[PDB]
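Novice: Listed below are the residues making up each chain.
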Amino acid sequence: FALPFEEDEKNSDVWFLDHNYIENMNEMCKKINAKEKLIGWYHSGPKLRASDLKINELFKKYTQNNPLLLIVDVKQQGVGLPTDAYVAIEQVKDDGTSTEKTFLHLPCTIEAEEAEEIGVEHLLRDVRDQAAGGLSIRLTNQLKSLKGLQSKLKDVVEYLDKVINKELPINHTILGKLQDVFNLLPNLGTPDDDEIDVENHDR
Amino acid sequence: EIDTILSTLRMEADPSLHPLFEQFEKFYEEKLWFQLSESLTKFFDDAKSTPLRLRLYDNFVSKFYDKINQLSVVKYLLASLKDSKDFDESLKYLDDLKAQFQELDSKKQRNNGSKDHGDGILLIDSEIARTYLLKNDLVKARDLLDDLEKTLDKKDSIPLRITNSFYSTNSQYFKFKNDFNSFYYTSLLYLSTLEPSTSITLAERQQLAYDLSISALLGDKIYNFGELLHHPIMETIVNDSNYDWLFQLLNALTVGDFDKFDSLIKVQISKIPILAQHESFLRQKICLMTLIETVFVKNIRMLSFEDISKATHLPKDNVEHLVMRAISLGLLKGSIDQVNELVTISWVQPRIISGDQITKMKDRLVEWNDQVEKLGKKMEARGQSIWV
Amino acid sequence: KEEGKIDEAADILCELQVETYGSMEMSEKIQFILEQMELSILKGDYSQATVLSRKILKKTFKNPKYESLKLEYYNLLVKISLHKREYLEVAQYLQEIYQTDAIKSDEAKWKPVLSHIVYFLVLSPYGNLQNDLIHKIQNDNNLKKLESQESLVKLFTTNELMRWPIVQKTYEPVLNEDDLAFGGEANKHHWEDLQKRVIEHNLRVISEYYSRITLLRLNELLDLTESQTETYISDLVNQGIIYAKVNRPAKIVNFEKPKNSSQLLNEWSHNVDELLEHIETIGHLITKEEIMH
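One line per chain: the protein sequences are A, B and C, in this order.
The opening residue of the first sequence carries number 52 in full-length UniProt numbering; numbering runs sequentially from there.
The opening residue of the second sequence carries number 6 in full-length UniProt numbering; numbering runs sequentially from there.
The opening residue of the third sequence carries number 148 in full-length UniProt numbering; numbering runs sequentially from there.
Accuracy of the hints is not assured; some may be wrong.
Only pairs whose alpha carbons sit at most 30 Å apart, straight line, appear in this in silico BS3-like list of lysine-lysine [what the hints assert, rightly or not]: (1) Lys290/B to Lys292/C; (2) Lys398/C to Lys160/B; (3) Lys140/B to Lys291/C; (4) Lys198/A to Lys303/B; (5) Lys398/C to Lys321/B; (6) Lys152/A to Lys68/B; (7) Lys144/A to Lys321/B; (8) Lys195/A to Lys292/C; (9) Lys226/B to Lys406/C; (10) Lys226/B to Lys213/A; (11) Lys198/A to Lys72/B.
Since the hints were derived computationally from the structure, they do not count as laboratory data.
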């Protein structure tokens, strides 16, 4: 359910939140259905910020789980979902800090009821193509997968150009992770390449 | 009241130290208590060595038992009992206070509004452990660490002040046991969370630095030598005399030469007996470093025993032992032949990333982008009539 | 019992008390089984006394009512199993004694109990249970108060070879003088069984790190003649602990796994999936630091 929210960005310490509204609404919803608890708050995008962490503290207050921060991107980019999930995780870590609060991504997928699924299908004149059911559908998917892979690689390629030539700092921890990508690469012209050839034949 | 106490502090003291007692009294009259708290701080910063320091505490704690913030108050006592030469007295004062803080919290809650009060208690238990250790009781401190650690983890966070004292006790305990490995972890954290106070003397910080350098010479999986010299703690003390040859053992290790290392160590083994008892670990350590380094800067995945033996100055008999310890420590992975006498490397340990290596990463990603984009163009032309 | 009619005496005790277990207090039943069991160690039939022990149940024997009796029950079980050299089993029993309330609370009395366990636990052969129990003993604070026991646990827990004549000499005046396991006349005949665990341990380290090694070099590391070396290899492969293949002209000893196309295709699948996962994960952090800075 919606809250009113005003953001002033002159000072990221100036914020509007209707406190009373939240408590009132929490109690009414419980009388329809008791399985509704405060599990977080959505932010409307259209990107992540460094600023979402000031706001997150306000929602830890209410909750008995770490609040889920759903960055719903509202112009809708991607051939996938434009919905990111982040839950604030607290762990001791040294990258210039002693205790870090950071947000770890979690997968977004869907699950639906009988009623809700049929209501989606009912809107849609589509036969789906995120299904990976038939031969036809899996063909479409394989090409979408290749296009997904090229676009992310640019984002990685540009990030690295910006340290070395647009001067952001050298972040050992980030690079470190990148290094292993290269270390765990396949290498052909070895018997490994040969096992593949024999495999092709069988199928 | 405070008047009789104030006279008694001035008399036994020096003329230089009369105006310090006078500043406090003034804040008290006006009742500005932000300023009173700060002015106590100037006191314990650099005159915790005066014999009156402990009594001066005793009037202020009674007044501000529940009026101002608990972290503030407690802070004075701890510094006062770091300057006592008699630790039997130190243990008694803590034991009373520990007792007061358990009563206090009943009262204190209603005054603040609603607040914690386990803050003072955590610091007191650390001081009991540190008194024990300066008196050489390893065990009494030992059960105090366990119980103290769990209470850190119970909270979502501990303050930087509180956690420095906890890490203060841990450092003290470890260097007596003579575990280099354990001492190392406590010191790197101590610098991160280090108090912004000038109340922690520079003399302690220097001493702590010397011992840190020693942990990493004798260490077992520490290949962070370059990293140690970046941080302010070592960087600035390079041109001190006793910390010259000490950092030259860091730098010899880095570049992987054996002659600079040999010429240094023969002098300091004799001079300082610390390097004598851990001699067995010290010689091996170079050998291991040479191995890793030659492997990392190159891009090939195998080396014969002949290349290795010249590099490390060991015969091919000891080289197979050298390889076994490296794989075991977690520096490298691979397999060993004695029938072709190769070491086959398959894993390298990610180390410090230099500016040059970022460029290097990037070049390969551009190679792979093009390849994907090319394939995907062909895969559109193919299958054009069969898609959803 | 004092007379030469000790035999006839047991046969009467064990028969009687093994059919009489009615309405009488538990504390008394526990007592009569101990007495029965005691005679049977003298009978030379350890198997009779194993069956008896399993009459008394572990559901009714974790109470303070039975505390002094629990300790003696477990001391006897160690004697039964020591005859038959099940060392891992001896170690389990002894562990319960340590975890008993009485021994744990009295500082002095816990000292010998811990020490005995270390000993027996190392004489066990290298199984799935050996690996998890020995790393339980290594972590404990008590182990760390001691240093004599610490050195032994540390040797086997690390994945480093070590030569027989050197472990022997080193711990002969420290650990081998103490009673239980080591010490006495019959117990010195378990010092021997140690020599086999140390050479087969060496072989366990060498399978993992070496893939080809010479038969010639292998002889030197275990400190055993050609004939002996091949024997303890063969014995290990019947136990299914290692994979070893020796060429008898002294060519290669192979520790490297025999491969199939299927195993290999699985390994390579892992690596690819793993790449795709890393690219995304590094990709989350790339977003944070881009907007932020």
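Novice: The structure should be examined with respect to each hint, and the outcome stated for every one.
Specialist: Hints and how they fare:
{"no.": "1", "hint": "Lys290/B to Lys292/C", "in the structure": "holds, 28 Å"}
{"no.": "2", "hint": "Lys398/C to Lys160/B", "in the structure": "violated, 63 Å"}
{"no.": "3", "hint": "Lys140/B to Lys291/C", "in the structure": "holds, 20 Å"}
{"no.": "4", "hint": "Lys198/A to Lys303/B", "in the structure": "violated, 34 Å"}
{"no.": "5", "hint": "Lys398/C to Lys321/B", "in the structure": "holds, 19 Å"}
{"no.": "6", "hint": "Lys152/A to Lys68/B", "in the structure": "violated, 38 Å"}
{"no.": "7", "hint": "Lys144/A to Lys321/B", "in the structure": "violated, 42 Å"}
{"no.": "8", "hint": "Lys195/A to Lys292/C", "in the structure": "violated, 62 Å"}
{"no.": "9", "hint": "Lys226/B to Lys406/C", "in the structure": "violated, 34 Å"}
{"no.": "10", "hint": "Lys226/B to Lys213/A", "in the structure": "violated, 33 Å"}
{"no.": "11", "hint": "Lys198/A to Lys72/B", "in the structure": "violated, 65 Å"}
The earlier numbered hints that this structure contradicts are 2, 4, 6, 7, 8, 9, 10, 11.
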